Every structure is written in C-alpha cells, then in structure tokens.
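Here's the structure, in structure tokens; my notes come after.
With one protein chain removed, the remaining protein chains of the complex are shown where they sit.
Should a chain be cited, it is by its letter among A, B, C and D, assigned in written order, with residues numbered from 1 in that chain.
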Amino acid sequence: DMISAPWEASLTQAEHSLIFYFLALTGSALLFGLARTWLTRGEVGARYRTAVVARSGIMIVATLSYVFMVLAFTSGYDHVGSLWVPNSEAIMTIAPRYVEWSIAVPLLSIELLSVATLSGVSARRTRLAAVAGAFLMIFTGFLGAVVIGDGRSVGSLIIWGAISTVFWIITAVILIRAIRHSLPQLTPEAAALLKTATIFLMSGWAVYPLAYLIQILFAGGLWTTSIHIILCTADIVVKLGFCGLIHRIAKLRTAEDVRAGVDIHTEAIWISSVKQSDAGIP
Amino acid sequence: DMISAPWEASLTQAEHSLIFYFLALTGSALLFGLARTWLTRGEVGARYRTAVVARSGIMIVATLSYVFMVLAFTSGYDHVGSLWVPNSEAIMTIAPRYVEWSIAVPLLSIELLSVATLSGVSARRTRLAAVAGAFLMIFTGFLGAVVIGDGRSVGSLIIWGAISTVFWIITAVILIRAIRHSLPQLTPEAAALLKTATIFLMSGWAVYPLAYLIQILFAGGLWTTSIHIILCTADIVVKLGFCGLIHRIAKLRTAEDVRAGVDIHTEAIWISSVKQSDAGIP
Amino acid sequence: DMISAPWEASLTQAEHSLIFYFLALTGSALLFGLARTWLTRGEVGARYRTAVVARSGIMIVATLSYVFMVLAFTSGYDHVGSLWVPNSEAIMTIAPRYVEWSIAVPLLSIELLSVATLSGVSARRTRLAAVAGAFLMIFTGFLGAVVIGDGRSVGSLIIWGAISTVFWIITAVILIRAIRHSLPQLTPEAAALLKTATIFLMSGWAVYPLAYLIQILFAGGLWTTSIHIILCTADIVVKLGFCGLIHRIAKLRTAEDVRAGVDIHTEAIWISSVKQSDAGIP
Amino acid sequence: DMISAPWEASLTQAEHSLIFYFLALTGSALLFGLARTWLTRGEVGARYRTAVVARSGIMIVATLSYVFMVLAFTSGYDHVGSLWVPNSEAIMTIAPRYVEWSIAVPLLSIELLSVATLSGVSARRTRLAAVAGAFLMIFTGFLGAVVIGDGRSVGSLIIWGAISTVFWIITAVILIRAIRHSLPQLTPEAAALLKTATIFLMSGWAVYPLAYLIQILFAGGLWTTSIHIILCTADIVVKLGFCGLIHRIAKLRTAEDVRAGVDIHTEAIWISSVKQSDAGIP
Partner (left out) sequence: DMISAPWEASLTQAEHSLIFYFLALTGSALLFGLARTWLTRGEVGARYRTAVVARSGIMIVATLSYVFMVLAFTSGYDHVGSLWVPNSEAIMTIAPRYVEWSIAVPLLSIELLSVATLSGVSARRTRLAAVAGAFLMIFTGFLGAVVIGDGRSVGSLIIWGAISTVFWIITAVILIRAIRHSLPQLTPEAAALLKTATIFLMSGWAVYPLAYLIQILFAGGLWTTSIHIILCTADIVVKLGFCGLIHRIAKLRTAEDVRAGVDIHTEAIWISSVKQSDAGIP
C-alpha cells in the first residue's frame, strides 16, 4: 500500500509557524551547545579529550543540518491561499536529519566510551563495532524513509525499519556491555554517573523510532508537524542534555586523576561549585 | 474581534528606514557583545564560568536571530509606490525574536544564578524551575502572537498573553527568592551588585509585555515601527547592559576567592582600574 | 527645496567601478584590522583591555556594514545602457554606514578614555555622556540624511544636520576635557601620545560632515562617487590609523606598570623594535 | 568514440537522494575532522607541527569543496517528472573535487613526510618532488575528465588518464623510498605505525582511479551515483582515517623526544589511554 510522504503535506500557517519555530529553536540550541563545548574544553584532562572532540562534532554537524533545514523550509513551501504548499525542496526539510544522525549517533557512542575504562585495542574492537552498528542503523532508516519507495511505500518502511531496529539492538548491546564492564573499575561516584548517562542515552534513542512510526501510519500536515516537533525536541534534549553529562564525568575523572598523581591540571575543577581538584604546575 | 497583524501593515519609507536601522543596529551591538564576551572570558574563575557560557549563548542566538530578521526585511516587503507592501516573508521579521527569547530568557536566568550562592538539591531545582518557567513564558507568547489566530485574534492574544504572564510571575518569584537567600551569604560589595543586577533584569523584562499590548490594541505601520523600536532597544539595553553587570560580579567574586585562598587566577583582576587581585602560579 | 538623494543617481561605469573598489577596499582593510586586533591582543594588560574590546567591535561592526553595502551594490543598480540605474536597494549602499557609525563613534570614544587616567564618579559619568553624545550625533544625522525627507529635503538636512552638530560639540568637549585632565597624571611619553591620538580622532571626525554638505549642495553620479570615496577613505584612515595609536598607548602603559611593580605581563613589550618591558612569572 | 559525461545524466529520485546524502555526509565528516584537528593541535610537539598544518589544510579545502558541491547539487538538477534533469551547473557537482584533490593530495604527501626522519635539505628535494608529482597527477586527470573533450571523449580520458597514472607511479616511488629510509632510524614502535600509515595511504589512492574507469566505460544515473558514492566514501576513509594515524605518530614521536630530553611538552601525552610522557616546565 502507498502512504503520502511527510514532505508531500500542505501546511496551514499554524503548522508552518510551529515548524519554523522548532527548526530554528533546535539550530539555536545546538549553536549554544557548540559554544559551550569550546568554552569548557579545558576543564578536562588530555586523557579524556576524546569526549570533547566527539561532542564538538555532534554539535557542529547538527547545527549545520539545522541551518540547511531552516533555509530549505523558507524555500520549500509556496503559500497558496491560506495554506503553505510543498515544492521539491520540501524533502530537504526532513532528509538532512539523516545526515546529521549518521555522524552523531556514532559520535555519541564514542563519547560514551570515552569516559569508560576500556583501554588499548579491545577498546578499538568496541569503538568500531559501535560506530559501524550506529552508522548502519541510521543509513538503513534513510533507505526506508527517503530513498526506496520515495518515502511513500509502507512495505519499504517496514522492511528497512525492521532492519534498522536490528542494528539498534546490536549497537545497544555492545555499549551496554562495555559500560557494565567499566562500572566495577570506576570510582563509586563516577560509576553512578556513567550508569545514569547510559540510561539517558538509550532512553533518548527510543524516541526517534516513534517519528518513523508516524510516517508509516499517519499522513497529514498535523502529523508532518508532529514529526518535526518530536524530532526537534528530542535532538535538543538528547544532545544538550547527554553531552553535558559526559562532560561532568570527564571532569570528575580528570580531577580524580589529579588528586591521585596520575596527572596535573592547569585549572582547578569545580563541579556543582564544589572544588574537586586544585591547579598545579608540571 | 479581529485585528490586523504587525507584519501585515504597509510601511512608508520613513518607517521602512527606521525599521532597518534598528534591526541592523541591534544585530551589530550583539556581535560586539559576542566579541566582548570572548575577549574577557579569562577574567573569571572556573568556579564562575557558567556565567561566561550563558552570556555567550545569549549573544550568539540573538545575533543570528537578528541577521535572519534583517535578511527577511530585505525580502519581506516590496516597494509599490510610496509604500513598502508586506510579502509572505514579512512574518519572518517578527517571529524569529520568539526563538531568540526562547533560548535567552532561560539563559539570562541561569547567568543570574551563576553568581549567587546556591548549592545542593536546591540549586538544581532552582535552575530547572527557572529554565522551565522562562521557556514556558515565551512559548505561550509565541502561540498568542504568531500561531493561534495568526496574530490576528484579540481573544487569542489575551488568553495566551495572560497565560504567559503567569509563567512570568512564577519565574520571577523563583529567581527573586534565590537571590534573597544569597545576599546574606555574599560579601557586602557583591551582594550590593547582585541586588542591582536583579532589579535591572526584572525591570528589563517588564518592557517586553508592552510590545504585546500594542499588537492587541493598535495596528498600523506607525505601530509596527513602534514595536520593532521598543523590542530592539530593549534587547540592546538588557543584553549588553545586564550581561556586563554579571561579569563584574563574577570577576569580583573570582578575585575575592583568590584573595582568600579558595583558588588562584593567572591574571590580575582589575575592576574599575582598581586591582582586586594579583596574578598567581599554582 | 528638494534635492535628489545620493542613491537616486545613475552611475556611469567609471563611477560604478570606483564605488565597488572603495567599498570593497574598506571592508578588506577592516578585516585586516580585525585580524591585527586579535593577533596583538595579549600585548596589552588587563587594566587596559577595554581598548582591545572597543577596537574589536569598531572593526567587526564596520566590516559587516561594508559586506552588506558591497552586496547591495551588486543588487542595487542595473546596467541599462552605458549607465547603471539605481533600484530600491540602492539606499542600502549608503544607509548601512549610519548603523556602523552608531556603534563605532561611541566605541571610539570609549577606546580613547580607556588609556586615560580617569576613575571614580567622573569616569562613569564621562563614559556615559560620551556614548550618549556620540550616539545622538549619528542618529540625528541618519534622520536628516535618510529618514525625514527621504534624503531629498534640504530643510530636513539643515535642521537635523545642525542638531547633529550640537551633539558633536558636546561630545568633543567632554572627551577633550577628560584628556586634558589626564595628561598631567600620565608619564611624559604617554601623555605625548595621548595628545596626538586626541588630535587625530577629532580631526578625523571633521571629515565626515563634508560628505553631508555634498548631499545638501550637489547631486549627480560624480557626487555620489565623491561621497563614497570620501567616506570610505575616512573610515580606513580613522579606524586603522587611530586604533593602532591607542594600542601603542595601552602597550606603553602596560609596560610602564610592569616596570613599576603594578603588574606582570607574560610576554615582553616591544614598541618600535624597542623592548619596553621583560616577560615575568607571577 | 564518445561517452556521455557523468553530469549529463538524468537522476531518478533515489539517485538524487543518495547523491545528496553522500555529498552532505562527506562535507559533514570533514567538518568534524577540521574541528578535531584544532582541538587536538597541542598534543604534538613544535618539531612535528607540520603534520598539524597539513591536516588542517586537507580538512579545510575539502570541507569547502563539499559545500560548494552540495549547493551546486541543489541548483544543478531540475525535477521534470520522476527524473532530476541536469542543468548547466551540474558539472559543478563533480568538477570541484579536482580542486580539492589538487591541494590535498600534495598535502597528504607532506603530512606523511612530516613524521619521517629526513634531514632538512635532502628533505626539500623529496618534499618538492612529491608536491609536484602529486599536483601533476591530479591536474592531468582534470584535463582528461573535465576539460579536453568536455568529459565526453574516450580517447582524451585514456590519454590524460594514462599520463596521470605515470605521475602516480613517480609520486609513490618517491614517498615509498623516503619512508623506507626512515623506518631504520625511527624507534620500533613508530616505525611500525609509519609502515602502516604508508600502506593505508597508497591503498586509499588506488580507489580513486576506479571512479575514472567508470566514466570511461559506463554512463547512466546508476553510474553517476556509483561515482559519487565511491569518491565520497573514499574521501571519508582516507582523510579521517589517515590523518588520525599520522597524528598518533606525531604524538608518539613527540613523547619519545620528551622522554629523551630532546624537548619538553606542556601537557602529558596519552595514546590509547597510556601516558606516554608527563607534562613539564622549561
């Protein structure tokens, strides 16, 4: 059976207005996040800088995606009477997310493993399996949602969607295994935070499959609005929220190492206005 | 009853000229503010860096909003005689402010609490209640002013406006309570400044509801000009003005801590060409 | 009586070619000054960083104004024969300067007072009176030149121009008074430079009123070219020239303080390949 | 004989959707790479900074190329039915790669020699022969593929392609000779990595000639898609992958020198979460 695609829906001006709000709010919040990332990048040790690098990629790629999308929104719908009607650049208000997620979902996995206690080359097996699994999960979604059937085929959404769901299970079982190994070998205070950051990431990722069910089941401008709102909201929460949580863990670990002799940090580490470690000279 | 919207008004060339001035002046002043923020970002301790991060978000989001708005101004009105007549991209000379305020008003609240003396459960509870309350106040305005009724419904402005006014009261009672707790536990010199910064922020926020009354009551190009002038002016005063006042407080607090042993700062802190603290090595 | 406006003149191709060269040479030279400002910003102390901040805004706002004016030149005139004929975006090749000057003229005043010896009530009173007076002088020009008769009214140029000339006198009497107070309390070497920088600024500001007399008196593409050449040239001289002169004074003062114990600088200060002060550690 | 060019093919919507994905994915991944480069640029000694500089050029040039290409994609094909028919700006979705490769392939050669053990004069002969040979190999490809015959001449692809293949052999024999000389004079641990980085670079370069065989042999939108996919994929692997491998070698060498007295590094060097060297003060 055939279903209209999400970018083949005429939008009212309450729908058009919300969609521009959330697209522009999401791009804004991720440019804040990018700035924050840069300003706070020296609170973390060089042992834990992979976390900073990940997060900077996540924020750059996502900010660009959202600019593209906001500019395609302006040039993707033509107002006819009281309703905005999609043209051929309307697909460019939706498709560009898959490019963002293609980089970000792998980088979120890398950021999480950044602050775990895996080292050397068994680390590398886990980082690669994660980056693969993550990338394959998005790309197989892209194919169902955008490429094969042109977004308009229920069977192609269900097949490529199911396949994507398998790489979700594989990626999540790799990460959750990595973290379960680490928690014993961290300090109690960090292990606590790393458990929570793992629950926050996996939980965030469960929201995104729901946008894909809408596309299968419901078509309309209401629902095209629902999709954008859901996905925009989830990007803000899961990319501001989670990337601030890993940074606390990096800082706390950095400080723990300072206190222990493992290394020396130029500034002091203050987490929650509690000094974790003092500044030091080589 | 129905009222024409603000972006649905034909502008004379004196009105068009003023509107471009102020939009372009505001974006300019906030790019200065962004630069200033970066250049002075190392005058503050790591204990107080949340203040720098907030202010940088406030300036980035706002600068972008104002670029969008200035570019939409050029492509949103067509000169047809002695009048500039609005296109369908003239909503985009007004609506993008709500996106800015959605990030900024929460970040201004965070910046203010940055330099207060709050820690524990109560700190995080207070930061979240503030960020929520602030965000909800803007968004409920957006809905009245832009989305529901299309800006052209008096009942939708009065209902969504009243609702927004409740989240104003809730947000302001949270912040004013937080600050009232802190002033005892600061030093006299900082407590003085934190009282003043609180009065300057709350007072600034009372200006923005007046732009919203115009939209309810008066329609015309005079009044569309009045709205932009009011809102542009208020952004300059309350974003340049207030974010420079919190930076003095962060600096003064940073220095107070240096002097006290709590921490060490690489450079000396000068506050009104008065040296507050000397430079130090770990 | 009526006069055509400067942006209502048909330019030849010699006139059109010289106006793009000067408009693009001014944005190019003010992007070199933005780079010079950032590369040479740690040669000055933290007692005199209010000068690095003022100059960075004077060069960021000015480069953004000249990019817009060069982009609106490409889309503001149409070649209809051997003549470039103005559109409705031709006002945007002239008007954007008033936005630049609105930020810059106040910031130039701040930069000059940066390196003077004012502190107390008198300092803040002086900085505010200057920033006000400067801003009011430009804005009252904008109204005469762009807004009130559409640039086409001789009485509106002479009235708003006279008013602007009063805020010039007020602003210049404030600054010259501030500097006259400082010169006694500086060192001979700096006092000398601060006198010269004051003469260079006031003298630079006297050029800009001449562009405004042309607009009153003469209309033509020759004269529209004369205006742009005059104003572009003056921006280069007074914004490259003067902002390099204050930086020497900041450096010399920084070094004088180093030598005196007042503070310590990480690098040495070399002014004219002559070493003023050595590097030092806290 | 004549062959249609790759930019003269009508793409289906699945072929346009893939092509936009990969172009946008590649530009995204190279902006991550650029960020990474900047954030990690102080892990390396000043003796080995040429490696950082190379890699930064590689990432900047390539990111820009890919932006151009993504913007030309939007404005290079027009949807006329179920097909995206090529405009005259569809050559600009392919040609800009040759500009990227013209800078990058020489810079990749420089980056590889960066971490080898060459003197500083006989170094120069090798660096120049490499940069020449590399540049000549791309440019002679450009001429066959784009300029002479207009991409549509089989004899011009085979002649200019063969010529390009000779500068490949010359460039690769210079580099492989340089590295074979160095491996003895490195430490075992670095020599190992430098062998692998050499195999990874030469192997990466063998993929790009296959895109050029497609252009000779096969024409279609399938094949225009195959070309972009191949070339995009190879850019990600060989520019993210290889430029991270040289950075490990620079770091390991930097640390080896620290440990040996040759120099001192401000931070510690952690590679695979193993401290290679401690931080130190002059």
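A few remarks follow.
Methods note: a contact is a pair of C-beta atoms (placed from the backbone, for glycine too) under 8 Å apart; a residue touches a chain by one contact, two chains touch by 3 or more.
Put simply, the hidden chain is in touch with C, D once you look at the whole complex. Contact with the omitted chain, checked across C:40, C:156 or C:165, is made by C:40.
Screening C:18, C:170 or C:216 against the full complex identifies C:18 as the residue touching the chain left out.
In the complete complex, the residue from D:49, D:181, D:195 or D:248 that touches the missing chain is D:49. By the touch rule set out above, chain C reaches the unshown chain at residues 13-14, 17-18, 20-21, 24-25, 28-29, 31-32, 35-36, 39-40, 43, 74, 79, 266-270, 272-275, 278-281. The set of chain D residues touching the chain not shown comprises 41, 46-47, 49, 52-53, 56-57, 60-61, 64-65, 68, 88-89, 91-92, 95-96, 98-100, 102-103, 107, 118-121, 123, 142, 146-148, 150, 262-264, 281-282.
In this text, only the chains that are shown with their structure count from here on.
The distance from the centre of chain B to the centre of chain C, each centre being the mean of the chain's C-alpha atoms, comes to 28 Å.
Look at where the CA atoms of chain A average out and do the same for chain C: the two points lie 45 Å apart.
Of all residues in chain D, none touches 2 or more other chains.
Chain contact topology: the protein chains form an open path, each linked only to its neighbours in the line.
The full set of touching chain pairs reads A-B, A-D, B-C.
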